[PDB]
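Undergrad: Here is how the chains run, residue by residue.
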Amino acid sequence: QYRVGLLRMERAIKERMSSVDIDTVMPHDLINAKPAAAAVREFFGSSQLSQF
Amino acid sequence: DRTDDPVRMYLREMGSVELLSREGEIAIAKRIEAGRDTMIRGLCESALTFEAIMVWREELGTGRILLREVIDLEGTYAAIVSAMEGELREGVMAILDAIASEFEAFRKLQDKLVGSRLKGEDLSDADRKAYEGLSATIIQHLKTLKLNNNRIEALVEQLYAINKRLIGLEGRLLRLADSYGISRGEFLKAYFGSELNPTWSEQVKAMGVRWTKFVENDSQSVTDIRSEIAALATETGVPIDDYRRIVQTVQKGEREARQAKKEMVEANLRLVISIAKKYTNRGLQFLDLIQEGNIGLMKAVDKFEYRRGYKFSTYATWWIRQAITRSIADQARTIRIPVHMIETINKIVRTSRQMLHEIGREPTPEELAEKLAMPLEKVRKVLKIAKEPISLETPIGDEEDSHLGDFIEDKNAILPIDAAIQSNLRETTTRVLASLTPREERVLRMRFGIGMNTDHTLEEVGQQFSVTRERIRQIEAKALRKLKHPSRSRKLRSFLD
Amino acid sequence: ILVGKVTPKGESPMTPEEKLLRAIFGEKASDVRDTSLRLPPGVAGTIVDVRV
Amino acid sequence: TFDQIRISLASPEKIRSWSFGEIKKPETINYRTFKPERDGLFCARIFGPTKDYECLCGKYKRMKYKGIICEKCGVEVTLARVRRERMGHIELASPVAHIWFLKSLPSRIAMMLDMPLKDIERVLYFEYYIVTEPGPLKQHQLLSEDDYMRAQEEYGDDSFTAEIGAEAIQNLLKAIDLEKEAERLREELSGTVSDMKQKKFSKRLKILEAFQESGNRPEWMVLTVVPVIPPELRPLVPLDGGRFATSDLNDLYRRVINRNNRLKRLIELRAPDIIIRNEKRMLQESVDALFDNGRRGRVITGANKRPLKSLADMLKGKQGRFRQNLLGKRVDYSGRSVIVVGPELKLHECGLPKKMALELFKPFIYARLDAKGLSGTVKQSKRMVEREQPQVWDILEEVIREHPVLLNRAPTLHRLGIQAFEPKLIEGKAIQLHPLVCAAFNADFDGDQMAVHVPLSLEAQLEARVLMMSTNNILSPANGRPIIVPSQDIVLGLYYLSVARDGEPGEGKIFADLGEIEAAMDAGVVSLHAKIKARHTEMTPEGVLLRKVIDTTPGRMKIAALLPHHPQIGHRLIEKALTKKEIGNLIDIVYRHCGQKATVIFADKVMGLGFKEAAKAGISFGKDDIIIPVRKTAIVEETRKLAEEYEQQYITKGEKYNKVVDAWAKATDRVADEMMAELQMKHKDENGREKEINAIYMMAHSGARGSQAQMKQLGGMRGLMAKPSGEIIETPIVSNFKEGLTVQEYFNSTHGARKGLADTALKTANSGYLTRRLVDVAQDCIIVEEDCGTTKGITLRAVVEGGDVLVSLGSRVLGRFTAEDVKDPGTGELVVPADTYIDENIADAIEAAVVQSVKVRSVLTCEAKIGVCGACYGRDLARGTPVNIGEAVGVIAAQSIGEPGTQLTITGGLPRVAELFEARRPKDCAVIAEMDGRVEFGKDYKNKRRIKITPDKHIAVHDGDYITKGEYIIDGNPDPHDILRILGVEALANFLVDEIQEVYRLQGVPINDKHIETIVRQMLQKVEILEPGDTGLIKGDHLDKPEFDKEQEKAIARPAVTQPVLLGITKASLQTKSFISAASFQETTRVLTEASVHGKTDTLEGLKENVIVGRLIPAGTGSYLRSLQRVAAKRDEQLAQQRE
Ligand SMILES: [Mg+2]
Ligand SMILES: [Zn+2]
Ligand SMILES: [Zn+2]
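Residue numbers (the entry's author numbering), protein chains in the order written: chain A, 471 to 522; chain B, 110 to 189, 236 to 652; chain C, 888 to 939; chain D, 17 to 151, 154 to 668, 673 to 927, 1125 to 1171, 1190 to 1290, 1294 to 1380.
Treat the hints loosely; a few may be bogus.
[Claimed, not checked] Mimicking DSSO-like on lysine-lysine, the simulated pairs with C-alpha atoms at most 27 angstroms apart in a straight line are:
(1) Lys433/B - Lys504/A
(2) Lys542/B - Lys323/D
(3) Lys566/B - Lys67/D
(4) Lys51/D - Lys896/C
[As the list claims (entries may be wrong)] Going by beta-carbon spacing under 7 angstroms, a handful of chain A positions derived as facing chain B:
(5) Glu485
(6) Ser520
(7) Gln521
None of these hints come from the bench; they were simulated from the model.
Just so you know, even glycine gets a beta-carbon here, dropped at the ideal spot from N, CA and C.
Same shape as in the complex, but just chain A:
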């Protein structure tokens, strides 16, 4: 599930890096963190394996 979240984050970073230039760019400014923690939250929030 973290690999799925990382694939989503990679898609987001690929969609966002085309707009923001890489030369003189603020570090880690295009990498998102919502789908990273959202995947583990769903895994521990309402997953069938983490049900109880």
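The hints should help you fit chains B, C and D with the ligands onto chain A, whose structure is shown.
TA: Just chains B, C and D with the ligands, lined up with the frame of chain A:
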């Protein structure tokens, strides 16, 4: 090969059918400009459009809307804000003052031509020459005036309505005359050269036996009704034999412009398809997002000139992004959150993400109010705004049984116990009121209403019994203090809780 | 009563009999609705910890 | 009031009339204030005020105005109940095809104009344009390219027009007329072969006659305006935590509103022709998903990932009218508590916890406090019972005196699952249930929450006392066996009391009365081994019988004194060992000869007697209780040595089977038989008196909990475990549970037992499905007529296998009225009259002489127009009395057939019953012969011999042999459909009954034949109409149509004849007259469309119809009230005829 999918079907039409217009954007823009030029040329002619635009412009300039409603301010100084507004206003006023006489002469010539066509005599003693001379001046004045599209829209609508009425009349005449051996395409050719004489159906029986039968007892009344409708519509708007070709050419120009716009849209829809991939899972389906961004794409072609950077790619992507963000902010939360509130919550979440990325742990909601330079109480109400209403059919256990909808309580359903106290409070009140005076009990009940739900005030219940004064309030206070003893108010002491 | 929850709300539906009873007893209609948490039917009894 | 609910196509004008405001914005409420929007899914002026008589903007929230509408908000002031009834409509910019009619099994939209759904689905999605008004350009050419649209249009630019999409399909439906199409199909169906085209022509003519007869226009499947469910149905209540909980339908309606607004904006904006048609396609897909959501791509909500349910998805699953909404209503006034044994209570008294009786009888407690004067007002009463004052407990015991409460066990498989009990305010918090009644409930006390219900009405409180009482549910509805028989403890006590041994103290010591036995037992002179003589009245002959000094025992006298005084019963029944089967026959004979009061009192006494004599007996299980056979090690060694002699040379499969069947499968009953023989022998002590009988042997012989298989598994050889495919294990497993099983043998045991455990949890699901199918196919089978005018009946023959009888003929025919008077063989003496009830005496007289099958009137031969008769169902299985009018005979039979489930079993037991009830063609379809005498050869080279007509693959007959009708070529598993097509209907019924009986006997659950007879009759409610004229329907049809159609044709003349067709229990709802009965458990997207386009109106004649509708059931007390209503209406009509 049944796909059974709207998304796939939409993609197939765009791909297997539509071809990406490469380096043809500028050509489509030039075609749209040519269509607009054709529409303007058809509009500025001898008809009701030139008279309506001239008569409407006569009141403008001094006491009516002179700029921003008749002629575009940008189009005036485009070939040449406060200085440009007054400069174009004086020029438009001078043009109207110089073209008023030309418009009057053109209207007189049109009236004379309509009279000659309705009577039968052909006005050839320089009448047509004077009419053309008066119309050319008005056309040249309107073309160089660089008017706006506001009145142009109403003129095109009126022209389309008149053309639809004329087409309906012609179709009715063709259906009435083509019973035996007549056709529909010959009606226009007959009415173009046999419209001056009133007995058009009678003086057109040169050859053919079916024509006589269609004119006698077949369409003799239909042709008269059509001629009467045409004569009534000539005075209401533009005359006949001159507005027909004008509306035809303006409709052709509008059709060409619409075809160019549709071609540019279909040759760019792939763009919208490509842009609708980053907004997926934001409250709208993929095909829904595509067909919503199509609205913004069509709105972009309406304003697309030959400015710097003629590539329509950037403009199209900006407009699709604005249309998706304008629609995703509305049909995504199930509550129709406003667009500005959606952008505010997006700014708040972006600030929170940047703080988590750079500063560290999650900041307090009170800190986000000052981090964005906004009111502290406004940020407290921005969050907790029902971000996503959970589905009422979601599962509650390990299986898909007993969803959340079956466990939600009801805060409005009157419980049977609370109805029990209602019925008994209706019984316990009728018993306590049975000990009071009959008229006094009646007026007290009218003060609130046991059987009648119309709760009357003090004076309203006063008029029903005696003179509306403090006597009713006095008797009400006496009654209220009456049933306060342990004998009368015994079963009610445990009723108020 | 476990924790008294006082929740402000709007004016409840003014019924005639209830208004008459309130005027008789002189009290005023409480604008707040009772929402205090209560123990369900059981033999719970004692309270171990009350974290706020 | 209301009655006769009818459904049909929703007209756009009628849909607009239903609604109160057109919604044009997909906005439910505001983000700041939680109020409904102006025009959206949640509206005030469109669906009513959100508060009870509280208009918007606080203008008319005083309730003084009831019909006044607001000015700024425009919402009319009305209570919140109107917000759930007010509907809405969405006038779409373009039409949309209904998902139920477009995408389904029968393409109801494709049946119009004879166009397949594969092309109708393409013309709707704007893929292939359709041609209209042709005049080159053939009608329905289905062209997509613009060549024929524009290039081919260059013929004068006149008379060239075609449309595409939902509007095109709507215009196509409008063009086709019902009358002309039906007339054209009538001549196309008659006077022609109609080989392949008939299959579609029949459905098309049926749909056309439904549209024409019902009055629905053909162009109504596609709807321009979609009605919206009221906002109260799909709520948006604010959940705890500020997160709103919007219903699934709210998101679908929001999507539909968004699509409609987008289409309206595109049309008004003059969008490209490929985007507007694509917008119409998106709107059509959204409307499809909003109705069913299954036929489309399963559009998921934007927030959650679960498939969004729709108006069809709700009705399908349990969460709609199927289970959650209508049938399985979460009834209040109920209680669920763990149950405990109640042996101190009577059979008609269940223990009720004091903490639960208050919450259950709150209104009754309030009424008792108000009538008694203890509480002044209802609020004061609620304040009294809320604190559980000491003065309310005395009122609770007074209110619960004769008010029976329905005891509802978690799983119910028959009508005895809901039994009303006179509650007793027992201490604790557990329902003190009676031990004798929990066996009928299927509820042991190892943890079984028995949901308790309280009837509120005076009739329901009295209905639970006349029918739902435990005393009236003695005999189970499955067969004529009492279900109140002692299961485990009372049977063990009676067996210990009835076991007689020649060696014991007090041999032949004659006693005076019954009390003398106990007086001597308390003195230690006489034991309880039942070997002492005394006096007792048997009461065998007519009238009172003298107190004859019987040679019986003391132990059997304690049970004999509990037997009521009546002829044909007495100590003669207690003379046996008094096992579970014998004690059940004793409770059956006491009920069969004596009344129910004496039967229930004897059951109550024997339970207390068995309990008192079982605890004082000391039946504790011990190490020496399960005695391992001493002759076991030697036999195991000899078996394992014989398993090695033939294994030396070795075929391996033959040697294995010799070592697993003849080696371990054989001699495993030999060791078990030796163990049983060593356990049966009564060991005699040195003093000449036997020590005691083994407690495990007592439990096995009495039938309480033991058995031969369980005995062998516990102390015997344990048998051989199973495999995943079903094969028997070949390894030696020689160890009993009394001994230590090693790891491998116990692993094999848990490999063979987990299969049966899953069958108890997996096959039980099939049992529940079969029970659901049976009660919904037999719901209409309700006894209404006492005696019908029919004389023919089904023949009941005692089934026999080998050389012995499997079931006695006196038991199979018991409780059924005979059709013709049975004649005793040998001498022509009428042993039973023609049309009289078969009492137990008549059954005994019939079984006294060997007789063949007797003509018995059954529900199958019922000539009653509606429901089932009374003289055909025979005797109700509840008691010995005959069946009375109003009983749900079909529901009782369905429950009796579903009760053997969860313990049945492919074709083993449960799957075979499901296959026979559904009437499916088995894996080896058998073909009946129907030929008499010689049989010829079929056609030449047609891949099979279909049939040979001689009027005057694998084969089992010859080419010239004389074949007789009845012998059909098959290797087994015949087909009931072929049985009906070739053989009679009574023969198919007998075959089904014998098959079900053989299955239930192989499993061990005896079920009465009539319970299968009613199901078979309900499966035969359809008859194929072979009428050559006056009716073009050849497929199956309800019998009421030939009852009415065949009678109407005679008033105009062609004779009409129809052969009965048999359809499965699942297919009963496919052609049933009522749609609510069929749309309840069957698929809701096909029966509704089959009833909507047909205009099927529910007359509420069945049971499931009134249950869903909420009205009184037409069966039982509801049946009697319906009869009273009918007679009152007749009396009112007669009175009206008196005054002109
Ligand atoms: Mg149990
Ligand atoms: Zn209002
Ligand atoms: Zn009958």
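Undergrad: Okay, which hints does this one fail, numbers in order?
TA: As far as the earlier hints go, only 6 is violated by this structure.
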